[PDB]
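A single chain comes next, written as structure tokens; it is the form deposited in one PDB entry.
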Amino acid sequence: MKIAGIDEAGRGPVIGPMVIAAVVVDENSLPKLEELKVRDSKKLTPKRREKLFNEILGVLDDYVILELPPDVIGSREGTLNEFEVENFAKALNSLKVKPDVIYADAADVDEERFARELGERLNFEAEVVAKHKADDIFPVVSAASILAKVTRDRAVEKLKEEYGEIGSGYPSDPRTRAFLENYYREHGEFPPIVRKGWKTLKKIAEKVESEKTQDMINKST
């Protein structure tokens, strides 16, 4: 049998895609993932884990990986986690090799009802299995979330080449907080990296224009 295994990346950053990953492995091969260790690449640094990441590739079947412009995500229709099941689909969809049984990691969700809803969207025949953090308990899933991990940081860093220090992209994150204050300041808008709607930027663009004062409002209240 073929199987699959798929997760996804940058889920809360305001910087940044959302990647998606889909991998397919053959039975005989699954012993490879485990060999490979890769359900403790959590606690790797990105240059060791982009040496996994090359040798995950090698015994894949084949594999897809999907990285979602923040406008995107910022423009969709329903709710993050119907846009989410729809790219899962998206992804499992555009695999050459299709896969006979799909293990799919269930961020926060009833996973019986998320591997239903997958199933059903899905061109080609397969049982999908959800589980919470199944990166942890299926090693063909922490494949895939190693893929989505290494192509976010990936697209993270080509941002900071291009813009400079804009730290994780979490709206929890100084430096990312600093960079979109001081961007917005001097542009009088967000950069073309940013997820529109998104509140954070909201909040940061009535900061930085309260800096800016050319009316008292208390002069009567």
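Only the largest set of C-alpha atoms that superpose within 1.5 Å between the two forms is called the rigid core. Positions refer to the first chain, counted from 1. What changes on going to the form deposited in another entry:
- Positional change of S94 between these two forms stays under 2 Å at the C-alpha, relative to the superposed core.
- Relative to the superposed core, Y63 undergoes a C-alpha shift smaller than 2 Å between these two forms.
- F190 shows a C-alpha shift of 2 Å or greater between these two forms [criterion: core-superposed Cα displacement of 2 Å].
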The other form holds:
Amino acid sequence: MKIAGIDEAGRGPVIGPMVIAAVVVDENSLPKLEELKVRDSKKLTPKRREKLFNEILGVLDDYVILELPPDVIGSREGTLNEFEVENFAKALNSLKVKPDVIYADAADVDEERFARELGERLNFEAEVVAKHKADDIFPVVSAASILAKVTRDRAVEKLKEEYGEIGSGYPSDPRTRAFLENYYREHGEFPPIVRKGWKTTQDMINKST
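Taking the form deposited in one PDB entry as the starting point, write out the structure of the form deposited in another entry.
For this one, just the chain is written down, with no partner chains and no other molecules.
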């Protein structure tokens, strides 16, 4: 069988793109992922993760990485379920090697619903197994988490070179609020890197509602 894993990176912050990676591995190659100890890579330095990233590509039958710019982030109703179900399926439907079983990270408190909704949006048939923070449970999902994290960290690093001190990207980060506030001050608008779903969603900065 062909097992696939899919996860995201950059869901919390409201600055920069969000990345969704989907990988596919033959069941007989699954072990190779654990031998690389992918599930325990969050502690690695960026360069060491960079190496792990390249190693992972060697065992996959196929994979897809989708870099979602902020201008398109916010296609849902409050709960970021619609946006992720829509894009997770998009990534999965883009694979050349169709998996039979797909393990997926579920942000929605109702894992079962997420798996079901995702499955009905596929252009192919496969069982879906969704779980909260699945990158710590399913090796295949962790592998995907890594391709996503590396891709996003590179994007962010690029953003810091262009705009400078942007903070962590969280609205609760004073440095990030300064960046946003100062930009709007000398531009009368928010920087293009701020996600659509927030600039209009309780953006309590220029609004101060």
